[PDB]
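Enquirer: The residues making up each chain are set out below.
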Amino acid sequence: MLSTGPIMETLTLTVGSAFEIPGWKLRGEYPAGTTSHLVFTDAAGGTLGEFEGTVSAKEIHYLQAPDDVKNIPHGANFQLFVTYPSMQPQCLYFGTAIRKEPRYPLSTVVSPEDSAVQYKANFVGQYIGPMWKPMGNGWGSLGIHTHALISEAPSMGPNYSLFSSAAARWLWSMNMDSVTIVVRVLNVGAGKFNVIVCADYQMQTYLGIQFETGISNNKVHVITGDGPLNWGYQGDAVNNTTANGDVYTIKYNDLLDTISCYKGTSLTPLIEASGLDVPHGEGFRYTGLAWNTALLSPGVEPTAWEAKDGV
Amino acid sequence: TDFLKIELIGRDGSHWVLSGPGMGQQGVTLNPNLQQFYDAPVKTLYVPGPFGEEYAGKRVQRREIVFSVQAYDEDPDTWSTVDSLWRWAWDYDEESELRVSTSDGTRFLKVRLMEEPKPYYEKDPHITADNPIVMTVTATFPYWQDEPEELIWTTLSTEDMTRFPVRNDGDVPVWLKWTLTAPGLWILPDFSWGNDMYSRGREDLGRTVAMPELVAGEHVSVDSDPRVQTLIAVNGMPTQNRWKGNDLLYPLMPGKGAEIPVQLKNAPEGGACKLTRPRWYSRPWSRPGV
Amino acid sequence: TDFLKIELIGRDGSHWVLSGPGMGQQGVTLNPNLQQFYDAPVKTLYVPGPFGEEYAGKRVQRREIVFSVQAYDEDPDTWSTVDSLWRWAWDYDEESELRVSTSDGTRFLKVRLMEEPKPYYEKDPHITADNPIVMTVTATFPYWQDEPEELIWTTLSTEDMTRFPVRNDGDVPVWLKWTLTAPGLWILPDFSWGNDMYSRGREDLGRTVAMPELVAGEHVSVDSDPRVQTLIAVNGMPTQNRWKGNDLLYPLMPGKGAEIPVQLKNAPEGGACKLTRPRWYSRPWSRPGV
Amino acid sequence: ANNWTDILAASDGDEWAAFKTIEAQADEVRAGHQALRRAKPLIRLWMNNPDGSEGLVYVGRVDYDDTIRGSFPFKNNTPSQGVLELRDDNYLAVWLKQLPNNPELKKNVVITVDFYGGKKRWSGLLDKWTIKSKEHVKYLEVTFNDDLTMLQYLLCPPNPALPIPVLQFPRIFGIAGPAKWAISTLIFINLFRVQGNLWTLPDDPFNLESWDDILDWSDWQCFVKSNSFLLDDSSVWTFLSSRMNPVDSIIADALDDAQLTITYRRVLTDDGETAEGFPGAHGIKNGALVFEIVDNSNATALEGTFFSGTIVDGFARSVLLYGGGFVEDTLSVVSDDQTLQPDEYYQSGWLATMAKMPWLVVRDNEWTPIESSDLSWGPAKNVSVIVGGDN
Amino acid sequence: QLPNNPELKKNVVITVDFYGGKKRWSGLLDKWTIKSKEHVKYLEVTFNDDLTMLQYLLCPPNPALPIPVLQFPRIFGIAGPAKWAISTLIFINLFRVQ
Amino acid sequence: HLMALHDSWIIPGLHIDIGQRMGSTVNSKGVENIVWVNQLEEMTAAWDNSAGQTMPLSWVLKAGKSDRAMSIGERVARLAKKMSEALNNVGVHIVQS
Amino acid sequence: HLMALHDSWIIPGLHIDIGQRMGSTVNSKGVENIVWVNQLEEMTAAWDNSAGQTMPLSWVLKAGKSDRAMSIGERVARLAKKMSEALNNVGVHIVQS
Amino acid sequence: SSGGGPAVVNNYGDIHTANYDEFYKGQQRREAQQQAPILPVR
Amino acid sequence: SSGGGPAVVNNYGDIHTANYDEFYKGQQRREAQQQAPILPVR
Amino acid sequence: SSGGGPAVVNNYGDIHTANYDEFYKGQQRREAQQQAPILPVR
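Chains as they are written, first to last, in the deposited numbering: chain A, 1 to 311; chain B, 2 to 291; chain C, 2 to 291; chain D, 2 to 392; chain E, 99 to 196; chain F, 491 to 587; chain G, 491 to 587; chain H, 1658 to 1699; chain I, 1658 to 1699; chain J, 1658 to 1699.
One should not assume that every hint holds.
[Stated by the list, open to error] Derived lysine-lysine pairs resembling DSBU-like cross-links, with alpha carbons at most 30 Å apart:
#: 1; chain 1: D; residue 1: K21; chain 2: D; residue 2: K76
#: 2; chain 1: G; residue 1: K571; chain 2: E; residue 2: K108
#: 3; chain 1: E; residue 1: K133; chain 2: C; residue 2: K44
#: 4; chain 1: E; residue 1: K135; chain 2: B; residue 2: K44
#: 5; chain 1: B; residue 1: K257; chain 2: B; residue 2: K275
#: 6; chain 1: H; residue 1: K1682; chain 2: D; residue 2: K357
#: 7; chain 1: B; residue 1: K44; chain 2: C; residue 2: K124
#: 8; chain 1: C; residue 1: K44; chain 2: J; residue 2: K1682
#: 9; chain 1: B; residue 1: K59; chain 2: C; residue 2: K44
#: 10; chain 1: D; residue 1: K121; chain 2: D; residue 2: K226
#: 11; chain 1: D; residue 1: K41; chain 2: C; residue 2: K266
#: 12; chain 1: B; residue 1: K178; chain 2: B; residue 2: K245
[As the list claims (entries may be wrong)] Here are a few chain G residues that face chain F, going by a calculated C-beta distance under 8 Å:
#: 13; residue: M545
#: 14; residue: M573
#: 15; residue: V582
#: 16; residue: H583
[Unchecked claim] Cβ-Cβ distance ranges computed for the label pairs, FRET-style:
#: 17; chain 1: A; residue 1: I150; chain 2: D; residue 2: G278; range: 37 to 43 Å
#: 18; chain 1: C; residue 1: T159; chain 2: D; residue 2: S12; range: 51 to 57 Å
#: 19; chain 1: A; residue 1: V124; chain 2: D; residue 2: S12; range: 21 to 27 Å
Hints listed in this document are in silico derivations from the structure and should not be mistaken for laboratory results.
Built from N, CA and C at the ideal position, the CB exists for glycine as well.
Generate coordinates for the entire structure from the input sequences, incorporating the hints supplied.
Expert: And the structure:
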């Protein structure tokens, strides 16, 4: 050990307490002009703190306000240098700053239940995907229709080789009672297309906005669940002629207890309903889609689907 | 010490204080060096892997508590009475309670005689009238327990819904019990709580299971624990027979809890739902964790 | 001593200094005689031969570390809090970090409870408020490791090439990881470094393997270690299914290093590559090896 | 499709942050795979309807933790035995023990063991149970036979379309056609006969337009799904002959020669599962078995498959070339292999192995996740074969 | 390497000579197996002694004539001294198969 | 059902003979009350006088028969017996050419 | 008779060959003088170079043959061989209809 | 403590308490599982 | 004295001296007794 | 020294370390060697 080296040491930090290194710990003979500085860095070496010691004849005293050290995390590595006059700095101690204080894990961590979610669906790959769970008619009731005759992207609907109605539940649930759904939809022919929010695990009860198109039945309803394939109209219908590529936003506001549907970029709800007798809360945050057609051909089908927590 | 109190309630209901304040008042004290008493025995499974062996899971083992007591009195006749009472406080078929009281509360373990006790010294015990009994008891359920929390919800409406507040303060998962009255269609929560034991941790976060419609007089006990059958009708009817390959799969994971929804429909005379939630711990005492 | 510092970071994020500067400030110190702690256990294999037995190979075994800690405080209630916190710092399912810091740097070992801890003396622990806990922990990955060396090369060209400097300063081979953006066809090095495990030592000196052509949005992670599947796409597509039996076969041998070449072709946007080189060691501290 | 530029913009131009985002996504995919691998199985017992109707009726569920031990093999074209050991205090063990002496119950029980959320299923009939005593501790060891044992008890008479004790002409029944179609057709004809020969057989059973839509197939316990005679893509043909031989014995040689697989699935409509592709596929009852002949090896296909390879260049594609008389087949390697990848390999969440493009190579080295028990090779034995007797 | 070597025939003969070749065990390779005991891999090789050739040599009703044309009579019968007749049956079948 | 009469009062051959019906119970939950009535099919008297392991003359009964719970070796032996007899019968029923 | 030649002067293959008659004795009361003469049927040369169990090249003779003392596995295998051959013969002797 | 006693006897494997009859019955049960479904019914 | 030594090893059963060859031969003899009389003479 | 310890345990034979798995496998291998050549090819 020919060359002098630092002594590995540790520092203690507390939230709300002033950081202080007493003078009787940094002894030695310090001539006038000696300067001591303490440097705190992170795992990458970035300096997250620097302080100056009060060098005296035989002691060095450190005293910083708690706000100066509140940003220094546990595990941040420190380095104490003493510089005699007309000399290069000499490191006396180095090590780690541990925090001796009440520990709050819940403050730093965020639970998966306490996280807003946002889901997308494009149907451009011509496959259903693992995120949609068929309901009402069982496995294999869903399908993708190309709509190659017109310049349109593939849409999702019932398996018209077997069924004329179907439902699909988004595999994962939401994390809020309030929810926004944005659907870009195509009106190929006559049918009924339900956007379903606040659904239970088996889609027995839910709120929904139903777009119905036909020879003379182009309108929008607010529906409640009676099963994945059954529903009950609530309130009066609103006339609406769906065109190919139409974007509808179904927003359920929990604190308002109101499910509304806006068409395109309109700032006024196309339809609106409030005070529906449907359970809400944990276990009632699933979402999905449903289709019902008289003929075995696509009616109103969603090309693009989007869901997000909150309104 | 006054920081720890150990009691025994026998198969016959006798109350003994083995350690702590009031120990030895019934004549029996607890000797040192008791084993497998604090931590629940768990064996961890390991399977071959590229860098040795890979973790494969854990299996909790039943507790095998070997301890010793000392039965003492001033006269041999009363010593014999005390020793007989201590032996009567135990059995093989039926279990007796062993309570530990600390600043963290009171937690009990149900224990039974694993083998015959080993009493007395080499000479006849009436000489000393102060003799040790070596007890080898076992806990089939290895978790220390507190009294389970019971919640009652009675409704007169045909259709109703409630939110049961539920929370797991222990360090191990617990299995819920439901007592549902009949008639009526019940929907009970089976939330995964993030448990991924069926590869559906996020899919079953808000999972609800619908019990079969109950006819009049068919009150059901729905116990989620693997030891008991899920559905038991009080009248002996096969209620599980009408339930179409469905079950309660998820316990209450530690540190998790919410207002679980319970729904009742098609109930001409209302209905009552009781939720029993056990409080299971792996240690006789521990500070709350979250 | 001040030449060595041992810490535990529990499953809950708690920080304990068991030895070194500032040891025992959290109430728990480390008792002597800790075993299977320094060298990674290895068993050698031998086949029968004309002169006795012939060397057949080596296998690294998982670490079974048995060590004792001592939890202490002036008053029994604070001792109970300390003991509960120490218990909460450990688990069977999830691993806690065990960091050894010396003049060679800080290396960590991930350990989990192999079985239930054995706490306290023969009498109740509140008498002393200073009690030992015997811990049998295990390291499924038995190598001490440091933070890996990471390098990034991004480009805008449709076709480009780069060289990553790589060097194994440890005593054990390490397995490289790549993070490759999409779209684009990547050519990744799988240099043998003269290793003769497949009898292709200098045959595979400059081996390069072509990843399957990644479609838009199919950013892949290519981990060469045997614990994990090689190709995993972030969008869930089965990239390895299109990779007709190809694999990365060789680790970065100790003492070996070079400028390994990475090639990108058919990338209209121009992609990015990240290389992660682990720093695995068989000992908590060791001087760098050349 | 989050591009690199989009990810970098979301991370505000920090390459390290963007790559940590990508690494987190890869880690979550790997964690999903590990959870799927380590998921517990779902063991469920079902029974026949006590009144004698169709549809299996749910008895109960055995917990994996509540089992003592279990063993379930899946074999290629071979029946296998599943073994499940329970404690005798288990409620399903008690039910099984009371079953023989319960006069209100049918005596047949079906086990269904589901892995990966029902994606893999082992279903089979009860073979027996045994009350075994290990050191005065009694447990119930229950043995099931997998659902391929039905083909042992299905047999093909010389004329499956006519009453058996009246006239069975000719001496043997012979059906020739594409391999999958002919095997499936033999099975279906025998299923028709044993269900009662109630209706008239059309020329091609699997030409679904030939079957009337008013017909009810709900009482059938077994079904067979296959393509029609013209639509079958089996490259090779087959001739199956029988004189009261069991169906499995009839079809074993053809399955071996064509490298075909019999897949059975018990459709639990109580779980929402449905079936399609066979007559009466919409009205099937709960727990009805469905058979399908598949080409999982793809050895006889026009594009060939992988028959060999090396760890340094992957698999090697070969195609079968038939010599004089088509008795002998050799392998010719495709020097310029240009087979397109399956469309399934571009779908999110896909994990299966397509027959045309095998991908799974399992490597054994010093650091291997598997253990290799034994690898044995043996050369061919006899150059010539003689078959005959009387002509 | 034999199974995957395309330049080699797949049949192998072992000859074990005891007492300088006075005693000899010769046979064709039946199979081999790579077996692992405690991560230690060895190769076990099974040979069939040369008497197995008589299992694969069979006698048709008329060994001196083509088989798929006419094999008369129904069975082949040879009578004579024991050693000569056994050796003669074997020789006629060897002649036919050569 | 397989039983071993160690020191029970039952006298094989005297109380019960081969082929005669007897009932038996097993102390397993759900079937305590049931009595399985089978005709006695096997009874073995065995003893071992060796110094190492010594068992006095003891009887083991097997009531009822089952092809399913038969050992694999015994199943193969019985099947071989039946196949050999059937092969003899077919060979003797062959019509000469 | 089963014999194991450990270090005896007998040299199998040289002194005695397969099929050649030889006598053997067993040191049992009442049969010491008797010499059982059988033609040698089997001789196996076996060795084990493993460190755990090392057994130098040793010869084991079996003189004479008996179906009674044959192992059950060998008996079943030989029976299966004979039955398969007889089945082939009967099937080829079948007369067509 | 563990190294050099029963905790390494466990690594040794079936040197101390281990029974022959149960092992033989288990092997017989595995063979029966393997061979029972393929045995004929005759 | 007896409890805790060889006298309880005897209760443990076949943990100390017991060889596999005699057990295998005895099981083979039991199986041979069971199956030999029913094996055919052919 | 040798008489009365592990050196006489070796005389005892397979009392200490000895496993059932390889013994059963070796017995099966010997039986397979005996019976495999005589088993028919059918």
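Enquirer: Hint by hint, where does the structure go against what was stated? Just the numbers, ascending.
Expert: 1, 6, 11, 13, 15, 17, 18
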